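Student: Here is what each chain is made of, one letter per residue.
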Amino acid sequence: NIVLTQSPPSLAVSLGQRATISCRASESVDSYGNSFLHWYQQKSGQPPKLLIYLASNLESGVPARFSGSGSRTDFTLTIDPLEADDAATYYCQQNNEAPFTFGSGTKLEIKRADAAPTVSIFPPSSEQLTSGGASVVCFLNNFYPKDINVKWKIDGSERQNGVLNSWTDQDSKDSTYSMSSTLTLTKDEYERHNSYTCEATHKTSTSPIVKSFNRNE
Amino acid sequence: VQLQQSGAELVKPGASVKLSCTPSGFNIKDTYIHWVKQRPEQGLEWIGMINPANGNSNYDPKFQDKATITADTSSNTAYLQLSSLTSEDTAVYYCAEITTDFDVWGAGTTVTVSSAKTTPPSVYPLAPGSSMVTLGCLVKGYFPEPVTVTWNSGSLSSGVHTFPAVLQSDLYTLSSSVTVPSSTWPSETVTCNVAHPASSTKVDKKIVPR
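Here the protein sequences line up with chains L and H, keeping their order.
With the deposited numbering applied, the first sequence corresponds to residues 1 to 217, in that order.
With the deposited numbering applied, the second sequence corresponds to residues 2 to 131, 137 to 216, in that order.
One or more of the hints may lead you astray.
Claimed, not checked - Restraint ranges, calculated between C-beta atoms of paired labels, are given here:
no. : chain 1 : residue 1 : chain 2 : residue 2 : range
1   : H       : 41        : L       : 189       : 24 to 34 Å
2   : L       : 126       : H       : 194       : 19 to 29 Å
3   : L       : 217       : H       : 194       : 51 to 61 Å
4   : L       : 83        : H       : 8         : 27 to 37 Å
No wet-lab data here; the hints were simulated from the structure.
C-beta: ideal position from N, C-alpha, C; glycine also.
Produce the complete structure using the sequences and hints provided.
Tutor: In structure tokens form, the structure reads like this:
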């Protein structure tokens, strides 16, 4: 295979600024002066979309802040000025010689101002209790940067087992992230205790954001 | 112009599956049809391509043993046959026309390699315990992926976050939040709509103050 190695594998770049992504091939993808190299953008949940062909040519309907350059084994994609909608994974790909391999991929994060999460906590529904189970849910919404810590407490005691977490991809409009944390328990155990707490710690403050409820209220 | 692809597949480890791809707006005979794999959270991988005009196909060596691309120009349809499935074959498979200056991409066909049984979600409303208000729904215990979630049948799309599902004991769980002005609810109704195509179900759950 012609192997295509991208660098960096991830980066974060401010709005308005220049992002550059590199693709290095294990052997030349050129023939007769043409570089048989595509660049693709892949947004969250979508198929990939062709941005640049023949290394430097802009595909119809792609904005002109995207450009490519390079030849033989060394290629670059630049996005300048970077926009929020450019949050995505980018791949180079060659069609000089089969197999027509894709690069390892580069995840581009849009850097924005820090933002603390909006935290909300939800007791089990009666429907779920009526059916025998109990899940407590905590949303941590619209925060930046993506790294965040959630701790659950039952009657003041920290509970780590039965917690599952899921993060969204970066928002295309506001460049924030969100996370959901679910504490699953038997109904028996849920009804055995009273106070349930979700505590979020994010670099925006040294104090956790604490949301709570009492079952008997 | 599109490449139409066959529907989601759930298949047992060790079995085989055959996926299909049919252009709308052009003939496969006039071009080349490529297949491209993407495992959950991983990169794109070129499987192979076929020229339907002469029957020649070419593969990445990683896939050549278990993957076979064929074409039938009388039905304008290209096919990808995968044998001896394992969990590493669980992925989205894209049908594509990849040429030097232009591409057409299919939407992708999902293949889940698992013995687990198809099961519809339970959908539970999430209302506050007690300016803007956040509501949710918990979509619990379904298999296989995917589900799709909307709010008020698509009319509420701002302020919505639908979280990636998590897999546990052969069942998936996800949640979705929506944030609305505090004067909107509960005066006006807020409902999450959850479709699970594998079980041919949809559920509309109204969020009701507790």
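Student: None of the hints should be skipped; say for each whether it holds.
Tutor: Results for each hint:
1. The supplied range of 24 to 34 Å is met by residue 41(H) and residue 189(L), whose beta-carbon atoms lie about 32 Å from each other.
2. A hinted range of 19 to 29 Å for the beta carbons of residue 126(L) and residue 194(H) is consistent with their spacing of about 22 Å.
3. In this structure the supplied range 51 to 61 Å is violated for residue 217(L) paired with residue 194(H), their Cβ-Cβ distance being about 26 Å.
4. Checked against the hint of 27 to 37 Å, the pair residue 83(L) and residue 8(H) passes, with Cβ atoms roughly 35 Å apart.
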